[PDB]
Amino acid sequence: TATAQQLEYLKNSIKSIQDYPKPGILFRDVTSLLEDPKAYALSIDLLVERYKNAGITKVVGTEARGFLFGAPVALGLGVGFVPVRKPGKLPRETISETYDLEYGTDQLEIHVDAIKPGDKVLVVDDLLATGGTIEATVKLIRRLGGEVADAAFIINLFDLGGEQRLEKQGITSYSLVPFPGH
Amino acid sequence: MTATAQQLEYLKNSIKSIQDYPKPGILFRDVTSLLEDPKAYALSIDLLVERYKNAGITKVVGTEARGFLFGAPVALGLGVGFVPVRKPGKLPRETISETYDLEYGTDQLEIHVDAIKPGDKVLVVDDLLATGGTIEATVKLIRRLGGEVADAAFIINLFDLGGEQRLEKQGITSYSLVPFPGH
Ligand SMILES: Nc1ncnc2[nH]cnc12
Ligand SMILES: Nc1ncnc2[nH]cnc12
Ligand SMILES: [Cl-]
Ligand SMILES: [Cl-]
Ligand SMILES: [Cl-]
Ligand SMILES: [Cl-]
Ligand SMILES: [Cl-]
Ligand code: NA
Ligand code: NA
């Protein structure tokens, strides 16, 4: 389990922006962690350590900030990376899941051939808020016969209840940086 | 210090081609089959990192979204910060913007103004070099912030679309792993 020093370094690497993207939200900006070679390397090293003995066979990350954390974790575990994408971007056969945006609905897609029965999948994302894109991604993985019990995040907004919501869907969340607020 | 024939052939054979995606008459070169093969993905990142490990790169810039899948592991391999360039309204801090042509009309790429400073030596990474319009726009962003950029790296080079020569005219040397013909 990560040391207190390591977890505090990561928390202090993330910039917060008052009243973005609207009034009353203190936005947690993971791009300041990406620009610090120490913070970014540590985040990936800590996620690789958590799952190295977990029998993961694929990492799935959602477009686009999910790519930044899922793909290095895949490389660190030595397993394939599978992108979940906005519609119309994947060129081979896909399945789709509909989920809620703040101002409407949208879809996520995955290649049908990218997950099979026998796969044990880790989902990786930058930040856990309501958890809606993760729940949609888990449905894509399970519809292809993949087993997914694990989701990893750089940031957890614990006041938004996403860890408990994902636990009701059989997903255990590992998060490096907890922050309060909406 | 040089890619073997066995390595370059493995990478080329790891990429699937899809006729008439996304519009009739394009043979789409799909890097997602390279991502799903841990051997191919790991190799591709090793080769890009090896080309720049002595070039004094201080930042890697990756274009949203497939660019992130190569630029960010290259940043980690070189032990330097990663800077995303994004479609508008995604980056939360102060940005500047550059316009580039799509097939029809135009779109914008943004960068955080604090991400690049005078003295930075930047590598741009993307999955695939086609016309190179996003890379020309990204180079303009970097130089407006006082960054030095002379290098772009790619997995795929569509050599029939002339992107390498266009980027050479802006002072950019391209490194690519997998050449394919066609548009
Ligand atoms: N405070 C916050 N920071 C980043 N993303 C968020 N999504 C919802 N609330 C957020
Ligand atoms: N054949 C191709 N495959 C992928 N992306 C492209 N962009 C332009 N032509 C392309
Ligand atoms: Cl995103
Ligand atoms: Cl479907
Ligand atoms: Cl279902
Ligand atoms: Cl993309
Ligand atoms: Cl061909
Ligand atoms: Na309000
Ligand atoms: Na803005």
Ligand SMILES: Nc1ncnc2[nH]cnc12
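Numbering follows the first chain given and starts at 1. What we label the rigid core is the largest C-alpha set whose atoms superpose within 1.5 Å from one form to the other. What changes on going to the form deposited without the named molecule:
- Annotation for residue 102: C-alpha shift of 2 angstroms or more between these two forms, rigid core superposed.
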The other form holds:
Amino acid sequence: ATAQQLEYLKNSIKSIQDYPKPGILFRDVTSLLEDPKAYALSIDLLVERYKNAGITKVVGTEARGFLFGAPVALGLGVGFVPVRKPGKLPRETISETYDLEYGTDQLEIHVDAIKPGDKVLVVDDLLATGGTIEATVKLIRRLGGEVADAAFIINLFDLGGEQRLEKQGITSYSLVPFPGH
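Coords for the form deposited without the named molecule, given the form solved in complex with the named molecule:
Here we give the lone chain, stripped of any partners or molecules.
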């Protein structure tokens, strides 16, 4: 990606001051979704980055993740595998629990969607704590899939998500870096 393209993407994202609370800047990707060039550029750049990586499956967590993982899967010509909260996926699944501020939650994946030997690319809209991605990586590996890459539109470099994923052997690629918690 060129300096000009990265600048275009950064400017396509709206930042909401003091939301959800004072001192925090909400990075709203819906403004990027609304803009034809910005959305297409974001997908095209991710596809270009992984076109020669031998990816056989793209995994995306519900829901905003779907907006980027699915188009990347189509661009790479590989199947898309959703990871969701319990109660949505209809076929056999395995689950992983992840931590939240005042509690925990779970993510599930179809057991038959990832086969031993698959090389997986995880795609999400924004990298913050990295908790959901950490759980997703564990799901993929429990099914024998290989995953060493995670791609994001936005990276909140202040929250330590990139380092957390590196502890799992994951290299993160992000298009737009933003500060703040």
